[PDB]
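Assemble the complex: chain A is given as a structure, and chains C and B must be docked to it using the hints.
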Amino acid sequence: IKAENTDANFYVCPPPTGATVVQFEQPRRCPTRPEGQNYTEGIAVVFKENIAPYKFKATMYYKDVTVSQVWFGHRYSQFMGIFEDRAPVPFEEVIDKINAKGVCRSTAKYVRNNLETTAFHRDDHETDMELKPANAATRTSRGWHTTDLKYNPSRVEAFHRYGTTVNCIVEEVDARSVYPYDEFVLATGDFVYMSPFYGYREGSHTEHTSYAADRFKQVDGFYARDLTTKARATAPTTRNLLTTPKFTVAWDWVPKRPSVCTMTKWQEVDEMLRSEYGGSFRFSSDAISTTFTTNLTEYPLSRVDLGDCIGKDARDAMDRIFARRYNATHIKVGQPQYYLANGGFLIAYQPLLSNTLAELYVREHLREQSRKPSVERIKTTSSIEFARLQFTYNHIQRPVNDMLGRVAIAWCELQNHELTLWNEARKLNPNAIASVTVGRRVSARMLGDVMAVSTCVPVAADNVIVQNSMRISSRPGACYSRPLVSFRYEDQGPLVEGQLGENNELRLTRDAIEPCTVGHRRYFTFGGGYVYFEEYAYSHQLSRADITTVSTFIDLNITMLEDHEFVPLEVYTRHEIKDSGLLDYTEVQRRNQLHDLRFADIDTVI
Amino acid sequence: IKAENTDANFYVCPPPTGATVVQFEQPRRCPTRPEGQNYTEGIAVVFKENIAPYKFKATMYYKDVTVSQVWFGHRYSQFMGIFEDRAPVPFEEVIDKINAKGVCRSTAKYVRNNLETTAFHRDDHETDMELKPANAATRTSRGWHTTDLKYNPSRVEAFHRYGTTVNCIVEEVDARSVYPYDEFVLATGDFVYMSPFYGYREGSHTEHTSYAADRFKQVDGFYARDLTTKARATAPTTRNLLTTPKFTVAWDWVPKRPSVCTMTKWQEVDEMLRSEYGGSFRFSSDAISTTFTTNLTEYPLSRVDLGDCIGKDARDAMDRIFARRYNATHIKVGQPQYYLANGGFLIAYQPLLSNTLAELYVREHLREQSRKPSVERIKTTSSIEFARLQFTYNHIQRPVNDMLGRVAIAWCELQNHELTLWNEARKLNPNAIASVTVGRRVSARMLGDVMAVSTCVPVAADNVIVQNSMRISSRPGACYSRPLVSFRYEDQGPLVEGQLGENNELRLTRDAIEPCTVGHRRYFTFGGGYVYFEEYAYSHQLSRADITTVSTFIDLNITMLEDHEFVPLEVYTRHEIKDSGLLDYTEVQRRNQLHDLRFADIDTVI
Amino acid sequence: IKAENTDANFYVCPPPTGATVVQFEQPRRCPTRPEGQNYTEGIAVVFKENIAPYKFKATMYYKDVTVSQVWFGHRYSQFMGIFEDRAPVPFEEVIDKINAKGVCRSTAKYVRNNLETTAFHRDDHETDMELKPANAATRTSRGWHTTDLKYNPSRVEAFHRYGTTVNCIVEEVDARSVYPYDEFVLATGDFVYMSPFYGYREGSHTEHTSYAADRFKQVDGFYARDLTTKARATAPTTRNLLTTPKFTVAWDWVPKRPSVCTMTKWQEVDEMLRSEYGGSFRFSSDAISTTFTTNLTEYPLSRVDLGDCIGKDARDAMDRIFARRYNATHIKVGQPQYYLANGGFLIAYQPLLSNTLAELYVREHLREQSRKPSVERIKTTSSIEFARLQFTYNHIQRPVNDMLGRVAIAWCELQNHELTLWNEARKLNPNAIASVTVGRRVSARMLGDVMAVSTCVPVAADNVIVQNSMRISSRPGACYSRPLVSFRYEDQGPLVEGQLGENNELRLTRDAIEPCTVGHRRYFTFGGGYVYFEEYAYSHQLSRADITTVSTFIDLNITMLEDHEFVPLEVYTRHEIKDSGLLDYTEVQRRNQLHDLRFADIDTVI
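Here the protein sequences come in this chain order: A, C and B. Under the authors' numbering, the residues of the first sequence are numbered 104 to 476, 491 to 723, in order. Under the authors' numbering, the residues of the second sequence are numbered 104 to 476, 491 to 723, in order. Under the authors' numbering, the residues of the third sequence are numbered 104 to 476, 491 to 723, in order.
Simulated from the structure, these hints should not be mistaken for lab results. Careful: at least some of the hints might be erroneous.
Pairs count within a copy or across copies, as identical chains cannot be separated in the list.
Quick list of in silico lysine-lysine cross-link-like pairs, DSS-like style, CA-CA up to 25 Å [what the hints assert, rightly or not]:
| # | residue 1 | residue 2 |
| --- | --- | --- |
| 1 | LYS200 | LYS212 |
| 2 | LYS496 | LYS435 |
| 3 | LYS695 | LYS253 |
| 4 | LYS320 | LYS544 |
Bound-form chain A, shown alone:
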């Protein structure tokens, strides 16, 4: 049956090719300590430029060619070679054989390091073949292939003999560049360092390049050939064809598309505390818990594009801050004040003062704006409690800023604590880590010390269909890891086989097994509920709020009996050990690493 638990739409999890420019920054030293660094409270809005990730679509053009140095001995066959290589599809195969025809020859005539080389299909000659959707062309902006074969050259022994195979790959994919637009990403796992807007039109070819004009072939008037149709489409596209050393990329060309007003605010933070310390303005935000330790001077509208737009932005920002929380809570201090953290972090900072000691407006005004870049006839200031309450201001400055430092280092340790927590979190499930941190459905994975970022093909909780056959026995009795599922993009989507992943993840896996431990009784997150299989067969579903339908309740003292039946045996059934027998998943690992210790010992005399 198709999925019914509509309380949570599924996640497609194909391995992503991240960038990644978003990673957990290394935690920070904890901030400054005792008194006056003229700790100054105020609302800052911190900005950077817009990175303008121009999006479009392109298509990849190459031909993977493989040769098998089969080793024909006496009666035996060593594959002394099965070598495969991507080889850039020529402009001509695109224009005619693909764009006009939609096919690719069973021979590939390709470049390889200044040497033109040909490859054929099965010790025989050329044949155009249709680009059926590639192997693993699903789950992505599709690709198209021709076969899934390997050929063995006709048998002649006592010599390394080579059998050939040629296949085409022409693939519609999505594409992302960014300002400063001298680069772009490729939706197969590739990147090219050339300016995205480089077509010969409008002078956008005068824009950056990092390559020569011997592989860029701009067909304006091109006809976008839908590779799901292998047939042309709507009014002519300007497809640029960059014949890379491995493929060709054809893409809609567009003008340079600059970005103004590019300055885009990181954050508004009212809890913006100034520490004039270490020859530096130390801006502490407890909203994001960062001390930008920047230069003293200010940052002008001149070092940015249209500083007036950001002036509007920040004025409205600070208004939203104050009016909502501080109608009668603080007093505006001076102007917003602009500070550059290297890497272009802009701080616009309207200092604020607490209503403590309300007698010091015009005066603490001056004293703390001091940092932007006998016989007598009484002549005291019109209320010497101006000066008196200034001395009291300095007094208060002492404990107030001391408290600020203390609570700020509290914030420091809190955030530095959780930083590594989230490191281990993305170690666990970076898909979920994204589905929270950006909050959206996503395909992710951990690339060592960096992550892989993407978004997956949509599947709601009605397109997937669990299988009930839950084992492979060619390897005698190997039950699959997580529910085998036939699913589809839409009702017209391709019903394709994979395994469920944890929390509605849809991995294409259809070999993901592990031994069939008797005693299998497993829930699995199924849409907005759970599937449940008993001993590798489907028992039943259960909605999330339908299993006891409460959260943190109960006692909860449930008992059980001891070492039990369900008996594959010689003594004291073993298949529950094959269900992690205490063990202690972690100790499961800690014991199975004791098995390497035996891979010898058929090879010794004493």
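Frame of chain A, contents of chains C and B only:
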């Protein structure tokens, strides 16, 4: 052995064996974005639907058979069969051979392939065998076995030759029905699907039936032979005997045991705002962090039972909340309101009102009570401050509600972080995670994405005895991993063999070996103290205050111990590398997995 | 390239051994909310005895010997032995061959099998050898060794054939006796008793000995020859020598080194509450997260040594606390009062009063110092209101105490929330755990249920070089997984081979290979930024001033590159699944076991 510091009793790792499958709420969806919804605050009290597990005792009965279809070669032999099957011990063997005799024949007689096959013991015929303790326990009325090994027939080659072995299995258990009492969980590992009050008397035919009338023999007034004494130690018991298709249950029969207050006060949350939104109200709890999107109308005391006791419980809860935090803090706003969060959460909610512009009593409750389910002259109202204060009501409500929304966003993101955290936390240690989230000392394990529960027995240390020398001698060089213990369920119980798990855990199995790591010096929590084994030999315990728990005059950061060369295997040996040195469990896995790379099973010509 | 992202200093990975000095404690059950009470608000000041552990230098002396009992049969050669030992260099060879010469014979004369055996070099007679400094000439005090030499006995088959080799080792290192000074711990991973102040003079003889005076060799005016140069150094020094059973220690000797003032303020805790409960005072701090159950009376200046300095320090702590928060926040009542949180935690207290009923000072100081260790005249308290308010004070006591208890329980969870997780945090990150609790240091590890520490590492944090060789060919073509790095202890130190673990860490190992994931593009945490290799070829660094992290402005929610076919691909190419994903990372770890889970036997004729 009892330690110098033992206040932590010892919870000796009995993993669940079968039931149960307790479910766990998914991370609640994190909230929305901008303002107005009425957001009307006050106390909520959620009732749960009285669900309760009935508890009583039962006992299980089945003979298993093992057969050896040996094929004998010339002097060699293949086991063309070692087959083990289970057979419910029928009514009569319980009544006589068990209740009257406590003994079990050496033949097991059971249907198989639709044919009743008999099995003997040792190719020799029926013989009643003592129920010998299949284990040693103190909690769920443990059971008894009869044999350990299987038999092989004489040598007759070139034809499948068969030798037989029969075993009996009789084991008492605790039994846990659950409201609404139609099926019940067991202790051995099976689940039975009959009503608990089901039987033959007091209209128990109306009780949930899902089994035929040929296996259930309600032999009541029928003595239960205490087989921990192998003797009837009871009044003649109300036993019901279901010869289930795989086993036999004999259990106390009880009248129908329902209870009367259908809703049970499950939660209280003073942070209860009505977010008037989405064709609905959303009861938003910033104490247990929910937003139930319930209809505007309320669940009546009519469509659930006892609409008075529940209401009184809620009234008392609300009075408690008020008196505990609001003797003069908020305003009694309207009546409480009694909504069904789908699946059966009862939400009784007495609204509140802060003293923010406290000059709107008679009206504003009135106002929000909107949401439970020619010649001329001057005539002003009695105090148009009514209308002025209502204008202000709306206008301050707006940003107030926004602030509530945002603090709730913080609420949700935090809770959803923590959920995923606990996921891997229980995958590391479900014992600790569960046992503390519940308070009970229990043993849990992974059923895919949920937990299985079994309560551990807090024992004293002296029952448990870590031996001094630990190592496996299969091949020289493997000193056991976790502290081998001779322990006792009772004070004078059987000292049985297991291994100490982490921190009063006792992994019952003993196969966990490790490098006899030359320089191995490891503590393990022993009560409130720590046991020491230097190179897998016991020195001493140390209290946690002697191993120097958290300090401040240290950290200040004086240096500590460090390590240098030793004299196996030039510069120092591998014995310590394999002691999970560093390692770094993550590093442990990432390296040790490379043993596929450390695997070469191929020796051919190329 | 040398380490240039040194916005984070780099740290080599040493082998840690710990106690630990700031040790993980276990979460605890937390007691009563409402009952036995009159919580005592006010400061406490916990003292803990500063032992002031002695830190100084020493030197280890031994000769590691090896004898190979090769097994020479027909023509083949098994090793019926490679026997490897440390023989303590005699105090004499230190005196002259090492301190006067710096040399030491190729032979060690030491007991084995209760037989004073000899060990020579290469089946020929004795010769002196030079102690060339090892890698242990750094990372502690200096150290000296010889090259990795081994000899195989002459060829005489059909008899156990024996060949010898002996290598000398002198290793000065850093040493830590800890007060109460009956002992001292070593830099090699060794402990010994017999307090190091065992010199004959100053009366230090009474200072603890655990070992007979047979091997205490006090040579005053005994310099330590610079063994990096075999030249006199360390102007003649009071060196005491213990020819331990494995080595000899030579260490500077000092007077007793007392530790007054021992008892030292652990912390000053503002929020402190006394629940006079369970026949005890329970001191609760939601200010430093503790719940001790301490003694009721006051630990006098007498029951511990020198308790006056403590009193001064506590006066200081208390006045600082008041001034920092309580100029007008609470009411002082009562003295400081001592309390023994057993295990050696002192608790001075200065009780407070909330400003609730600010009129009852004179009364309340009495009422709660009650718990330290007709013609009528209206005769009331000075104002009967005092007797009036004393009433509600009681009726204030419990509910307040209730809240006091109540909130604490919340705190309880929070505290009890995270303890074990920190333990699991190290399971990934002794790096992070140490760089937080230690602060900048690294290298902890898990010895059973205890932590292990090493804080000495001197690093040329500028000289760290990721190798541009990214493979091993032993397993033909195995790309190394973690960044191989040439580094050095000092700016001119030897660039030595190791592997760049995460975050400024250089493990001494280089074996971590992997199958070359085509398309490899990997950062690894490299100090002030990351290192990047592109398909196992150095791409570039990136400092952390330019690469994003989770924030608001332009999303930063988009998809990135997707994976597709590459050219190792028939189906499921190994090289790329290497990148920790198919999956379901945890299932990655699981299938990592699947390999033993399908094969250990090759053949058997059924």
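For each hint, the structure was consulted:
1. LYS200 to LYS212: Result: close within a single copy only, 13 Å intra versus 74 Å inter.
2. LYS496 to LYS435: neither (28 Å within a copy, 41 Å between copies)
3. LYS695 to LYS253: between (38 Å within a copy, 22 Å between copies)
4. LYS320 to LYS544: Neither: 43 Å inside a copy, 54 Å across copies.
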